[PDB]
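S.K.: Residues per chain are reported as follows:
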Amino acid sequence: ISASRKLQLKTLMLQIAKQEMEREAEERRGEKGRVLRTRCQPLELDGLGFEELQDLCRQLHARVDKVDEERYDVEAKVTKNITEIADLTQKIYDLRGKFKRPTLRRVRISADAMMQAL
Amino acid sequence: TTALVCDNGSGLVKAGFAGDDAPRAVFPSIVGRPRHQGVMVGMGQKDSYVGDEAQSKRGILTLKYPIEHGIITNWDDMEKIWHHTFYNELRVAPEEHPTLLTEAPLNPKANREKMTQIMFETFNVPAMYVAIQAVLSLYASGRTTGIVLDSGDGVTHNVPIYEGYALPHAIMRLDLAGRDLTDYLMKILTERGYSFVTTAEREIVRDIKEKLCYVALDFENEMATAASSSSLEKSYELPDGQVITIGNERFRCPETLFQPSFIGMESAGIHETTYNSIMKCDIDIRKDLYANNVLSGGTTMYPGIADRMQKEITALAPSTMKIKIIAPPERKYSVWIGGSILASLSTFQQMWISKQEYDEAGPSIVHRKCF
Amino acid sequence: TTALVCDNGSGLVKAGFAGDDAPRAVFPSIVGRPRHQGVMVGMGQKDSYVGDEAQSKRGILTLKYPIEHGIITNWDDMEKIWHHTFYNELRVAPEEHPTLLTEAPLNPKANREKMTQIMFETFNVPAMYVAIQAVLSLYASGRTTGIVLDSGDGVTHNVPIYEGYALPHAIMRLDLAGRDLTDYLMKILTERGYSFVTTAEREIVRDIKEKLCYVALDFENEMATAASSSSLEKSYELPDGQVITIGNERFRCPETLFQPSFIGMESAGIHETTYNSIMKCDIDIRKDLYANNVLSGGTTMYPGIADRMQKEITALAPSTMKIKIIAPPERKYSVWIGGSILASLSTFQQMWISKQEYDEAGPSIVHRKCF
Amino acid sequence: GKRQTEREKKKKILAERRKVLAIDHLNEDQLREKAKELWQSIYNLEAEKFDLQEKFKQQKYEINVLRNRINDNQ
Amino acid sequence: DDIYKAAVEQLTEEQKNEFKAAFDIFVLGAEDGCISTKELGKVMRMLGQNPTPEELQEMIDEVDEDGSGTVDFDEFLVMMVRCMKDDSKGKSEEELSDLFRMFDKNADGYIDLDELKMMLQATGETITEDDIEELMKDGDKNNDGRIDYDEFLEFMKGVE
Ligand SMILES: Nc1ncnc2c1ncn2[C@@H]1O[C@H](COP(=O)(O)OP(=O)(O)O)[C@@H](O)[C@H]1O
Ligand SMILES: Nc1ncnc2c1ncn2[C@@H]1O[C@H](COP(=O)(O)OP(=O)(O)O)[C@@H](O)[C@H]1O
Ligand SMILES: [Mg+2]
Ligand SMILES: [Mg+2]
Numbered sequence: 042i043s044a045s046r047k048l049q050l051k052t053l054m055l056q057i058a059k060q061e062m063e064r065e066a067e068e069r070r071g072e073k074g075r076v077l078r079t080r081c082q083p084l085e086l087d088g089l090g091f092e093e094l095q096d097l098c099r100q101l102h103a104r105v106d107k108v109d110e111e112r113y114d115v116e117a118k119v120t121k122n123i124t125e126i127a128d129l130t131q132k133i134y135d136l137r138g139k140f141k142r143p144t145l146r147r148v149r150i151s152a153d154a155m156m157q158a159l
Numbered sequence: 005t006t007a008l009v010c011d012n013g014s015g016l017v018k019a020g021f022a023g024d025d026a027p028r029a030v031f032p033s034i035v036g037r038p039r040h041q042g043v044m045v046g047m048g049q050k051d052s053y054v055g056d057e058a059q060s061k062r063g064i065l066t067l068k069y070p071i072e073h074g075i076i077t078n079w080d081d082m083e084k085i086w087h088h089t090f091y092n093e094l095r096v097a098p099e100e101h102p103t104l105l106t107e108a109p110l111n112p113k114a115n116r117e118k119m120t121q122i123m124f125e126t127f128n129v130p131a132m133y134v135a136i137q138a139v140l141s142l143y144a145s146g147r148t149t150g151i152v153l154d155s156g157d158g159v160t161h162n163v164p165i166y167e168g169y170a171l172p173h174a175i176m177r178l179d180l181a182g183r184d185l186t187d188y189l190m191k192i193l194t195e196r197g198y199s200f201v202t203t204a205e206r207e208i209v210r211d212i213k214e215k216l217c218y219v220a221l222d223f224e225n226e227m228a229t230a231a232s233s234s235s236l237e238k239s240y241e242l243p244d245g246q247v248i249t250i251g252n253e254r255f256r257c258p259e260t261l262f263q264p265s266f267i268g269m270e271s272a273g274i275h276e277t278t279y280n281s282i283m284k285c286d287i288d289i290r291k292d293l294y295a296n297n298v299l300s301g302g303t304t305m306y307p308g309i310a311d312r313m314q315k316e317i318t319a320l321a322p323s324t325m326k327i328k329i330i331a332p333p334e335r336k337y338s339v340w341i342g343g344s345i346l347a348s349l350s351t352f353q354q355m356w357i358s359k360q361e362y363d364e365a366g367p368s369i370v371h372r373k374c375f
Numbered sequence: 005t006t007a008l009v010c011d012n013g014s015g016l017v018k019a020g021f022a023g024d025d026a027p028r029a030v031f032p033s034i035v036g037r038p039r040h041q042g043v044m045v046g047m048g049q050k051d052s053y054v055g056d057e058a059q060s061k062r063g064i065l066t067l068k069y070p071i072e073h074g075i076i077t078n079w080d081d082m083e084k085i086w087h088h089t090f091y092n093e094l095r096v097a098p099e100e101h102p103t104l105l106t107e108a109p110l111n112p113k114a115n116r117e118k119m120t121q122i123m124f125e126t127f128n129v130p131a132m133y134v135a136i137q138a139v140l141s142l143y144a145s146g147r148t149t150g151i152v153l154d155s156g157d158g159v160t161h162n163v164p165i166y167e168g169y170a171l172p173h174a175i176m177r178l179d180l181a182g183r184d185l186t187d188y189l190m191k192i193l194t195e196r197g198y199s200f201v202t203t204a205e206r207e208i209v210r211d212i213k214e215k216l217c218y219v220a221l222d223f224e225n226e227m228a229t230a231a232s233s234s235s236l237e238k239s240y241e242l243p244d245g246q247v248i249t250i251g252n253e254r255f256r257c258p259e260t261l262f263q264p265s266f267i268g269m270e271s272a273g274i275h276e277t278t279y280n281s282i283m284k285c286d287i288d289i290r291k292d293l294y295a296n297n298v299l300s301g302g303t304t305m306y307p308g309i310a311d312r313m314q315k316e317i318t319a320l321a322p323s324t325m326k327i328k329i330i331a332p333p334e335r336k337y338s339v340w341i342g343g344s345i346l347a348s349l350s351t352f353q354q355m356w357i358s359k360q361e362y363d364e365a366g367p368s369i370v371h372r373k374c375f
Numbered sequence: 199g200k201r202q203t204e205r206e207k208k209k210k211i212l213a214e215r216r217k218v219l220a221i222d223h224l225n226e227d228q229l230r231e232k233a234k235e236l237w238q239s240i241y242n243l244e245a246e247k248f249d250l251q252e253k254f255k256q257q258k259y260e261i262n263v264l265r266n267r268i269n270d271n272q
Numbered sequence: 002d003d004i005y006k007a008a009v010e011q012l013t014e015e016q017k018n019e020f021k022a023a024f025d026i027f028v029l030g031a032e033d034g035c036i037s038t039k040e041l042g043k044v045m046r047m048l049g050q051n052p053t054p055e056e057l058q059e060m061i062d063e064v065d066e067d068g069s070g071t072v073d074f075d076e077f078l079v080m081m082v083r084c085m086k087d088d089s090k091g092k093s094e095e096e097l098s099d100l101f102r103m104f105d106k107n108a109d110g111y112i113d114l115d116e117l118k119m120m121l122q123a124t125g126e127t128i129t130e131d132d133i134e135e136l137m138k139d140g141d142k143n144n145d146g147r148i149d150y151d152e153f154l155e156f157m158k159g160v161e
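Residue numbers (PDB author numbering), protein chains in the order written: chain I, 42 to 159; chain E, 5 to 375; chain D, 5 to 375; chain J, 199 to 272; chain H, 2 to 161.
The following block holds chain I by itself, in its conformation from the complex:
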């Protein structure tokens, strides 16, 4: 079989991969910005009195506590599921890679070129 086909296939697959990388990165940037905008409510520089300032400030304090509790909870969930993912990674690696671990070597490199020693 010609390896030129594999080279062309790898060029096309590399183009696919880079396009999908940039596309997903851009989409994630847009979604992130949109979510932050619709969730991080902007602060207003005018239109509220000092009493209104205090009222809205305490309202935002309560909201900050609520969503901080929520995000800490989901962060803890991420941590636990990440521990689980690591454990399962070790499990499946022992399932598969327990045979391949010793295979990692760079062999017969220098000693094969030592015929002039004697």
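Possibly wrong hints are sitting among the right ones.
Pairs of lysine-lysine residues, derived as BS3-like cross-links and limited to a Cα-Cα distance of at most 25 Å, are as follows [to be verified]:
no.	chain 1	residue 1	chain 2	residue 2
1	J	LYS209	I	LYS118
2	H	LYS92	I	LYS139
3	H	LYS90	H	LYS6
4	H	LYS90	I	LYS51
Chain J regions said to be covered by chain I (calculated; three or more residues, Cβ under 8 Å) [unchecked claim]:
no.	stretch
5	214-224
6	237-243
Since the hints were made in silico from the structure, they are not lab data.
For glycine and all other residues, C-beta sits at the position ideal for the given N, C-alpha and C.
Go by the hints and put chains E, D, J and H with the ligands onto chain I.
M.R.: Just chains E, D, J and H with the ligands now, kept in the frame of chain I:
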């Protein structure tokens, strides 16, 4: 940087950089002072030839191994051997390279502590780690279980391992090895007229043992055959002529491994200490150990040993279990290949005994967590 | 959504979604930490193998059941077992599924309250309900009356029920079960020379008990026959060879059920605690209980028990009543099948302990109306 | 493993180990600064939890690959 | 393809020394390259390269296309350089996993060889006999009806 995988051994020092297939420099570990007077002036005669240089001038030297049975009995000579190994056979200063020595199981503590103290004070390495000679031989086979019989030249030890968990209560260390076989061969050669006495002629007897001896599949039948026919008598040319003919001394020298009563040792052969080492293990991992028996070390290179040992164990073991004996062709350097693999691992990179740790706890750090 | 019908048990955890015929995942409930040192680096060795994984590496573990006699003695291990059951054997997050645990009768309150607190705080289920292990076994038989003898592996309990009205004053709970039979078998095997001591070899003795032991129809005649002929001696191959031959230990191990004086227990056998449980009931429902005696649980799977028990009860009971012993072939999973049926009912759908109710009354809600 | 320790740790992060603080007790410009600071910190936390959700999806996909590989490997 | 032409243009002199040493060792004077595949294998082993015996067999069976033994140093040199290892492990496994995550539009823990075909079809590139069949054959090399993650790895591992 790269790590230095040294392997002191007893009889051949094997060293080389981590990550290769074979040791870079392999040379006998003997240090021989000259014994005669010396009349030529200015010949440039040194006071001690070490390594492979003393195997060429052995006619006028008194070679003496610095390692008797695993343990080191002459620390100055061992320091000289290490200095030679680092500077002339590898030509890499030790100030810029981690080292990974190897040590037999059940050895005296003082030996290991002195070894680490030398490596940290005299040669001044960045970090050194000491590993048991059998776990490496298990690495090289690419297994993770199995009971490995590492019959070196100094000491034969038999470490069983399961799923990576070594069983410290089942290690059976026996002090019969290649050197005792050399002495016994030198002692039975006298039955034909050939007398080797000098410490230099021990090397000639060792060469005879390596090139001619083999392990008999069945001892009595071979003894009967060699006593009637003459199809076994193989001849060998000494370093000066006068060929010699070895008769039934061929398979009687390595038979001592399976009957240590020949050299007066009480214990049982290497065929029965493996079965005893297995039977000390738990009842549920005996099948795996039976199926993954590993051979290593130099002395297990006799032609026909992987069949004799299998026959013996099959005789001892229950009839249902399958007995398999792993005998890779690269047996001699199996320990060093395993050492290279272990030193090349990323997970192992934080187990070295760093120098600052030694400065804080003294040489007794080796027995601590950094094993 | 669908409900999770878990069934902790003691010896085998049986779980699966509601509405099926058999539990999806059945695996021993043992958590075993490794006990040796471990020399291979990077092998990926975990700190505790639970479930069916620790029945394959049991050669180097120390298995320990987290449930002794119905009650739970080691809450961390039980939490680990539940976590494994939910995430790896069923792969369904508990945040979206009601659960239906099962509990033996007459158990300590604190056990049940801690169970519900764990299920609501750690795993955070939507709603959980705890049911008595005998009512489910009565569901599975498709009856509505009858006295059920649920001889599990932890505890044997005997709950009589009539027309759906349980009789709380007639429950006779006895703590002899499969585990004590395993220990007694392991203790009488020593009379032939076979010694099993390690907690791993208890599993081997359990396998011997399951595959060979049977309940004798008449004890003295069997003892006399086994002492003269040799038609009973059945052999069995250990996990490494060395077959063993079990003589009259075959029917002496499960005979302990009908004579608990063998293991030093005072109480009467399972043949007489059923009759006592019946006689505590009212005089007008004794015929129905006599005719609908139900067997369940694992330990009632011995070959020939449904005849010995019937003979014994017929001896005890009045001669006119008909004694019938229901022994379905799906005895082992009878409790879980009944649990699935109960969880699949529409009338039962409003009996779950909803989470908001727990938030308002604390863990002591389980003893309240939502039983 | 003493789930009481886990519960108390979670509660402390919920109320004590988190930067929980009464702040609406200040003068005008300072109160504005503090409200903006807390709101922006919470917005950063929004970005963090959004990334947590994304990576949680990724880990779910990885565990799906895990199950598929295991089922295909046995 | 054009990659071979580019490799010809980027003639690495360090390996060019050894390849012209092979030129000299083989050609004993005005030799038109009779292609001694035994000499080819001896050179390959001698020059420090590690050719698999199957690689040398392919060399034996993919030479003398002229029929006269005389093979142009151009095509022979291209064959020799390509049979020589010129690659760096073919990207990273982390890259492979991330890109396969990109490719799992099915979101089912893998992709499909049909999905692979459609994705490469989206590239607007020519599919021919060299293409099409073996693409799906080796993408789902185990032939599960869908390309598993490890199947995706094995499809193009060690290729840039
Ligand atoms: N090909 C061989 N045949 C028989 N015996 C051998 C052979 N090679 C080495 N030996 C014996 O093994 C010894 C070398 O063992 P070795 O594995 O180097 O010991 P160490 O464990 O100290 O390195 C030599 O002394 C020799 O007696
Ligand atoms: N086929 C069998 N023959 C004899 N005894 C059995 C058999 N199967 C299981 N057992 C015994 O029953 C026990 C399992 O009982 P089980 O019903 O699982 O208990 P639980 O009520 O905790 O689920 C095992 O420990 C074993 O001793
Ligand atoms: Mg050795
Ligand atoms: Mg039960």
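S.K.: None of the hints should be skipped; say for each whether it holds.
M.R.: Tested hints:
At most 25 Å may separate the alpha-carbon atoms for a hinted pair to count; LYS209 (chain J) and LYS118 (chain I) meet this at roughly 14 Å. A threshold of 25 Å between alpha carbons decides the hint, and for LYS92 (chain H) with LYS139 (chain I) the separation of about 23 Å falls inside it, so the pair holds. For the proposed pair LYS90 (chain H) and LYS6 (chain H), the alpha carbon gap of about 22 Å is at most 25 Å, so the pair holds. For the suggested pair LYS90 (chain H) and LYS51 (chain I), the alpha carbons sit about 14 Å apart, so the restraint of at most 25 Å is met.
Closer than 8 Å: that is the beta-carbon criterion, and the stretch 214-224 of chain J has 5 residues meeting it against chain I, so the requirement of 3 holds. Note: the stretch 237-243 of chain J has 6 residues with beta-carbon separation from chain I under 8 Å; the three-residue rule is met and the coverage holds.
Every hint, counting from the list given before, is met by this structure.
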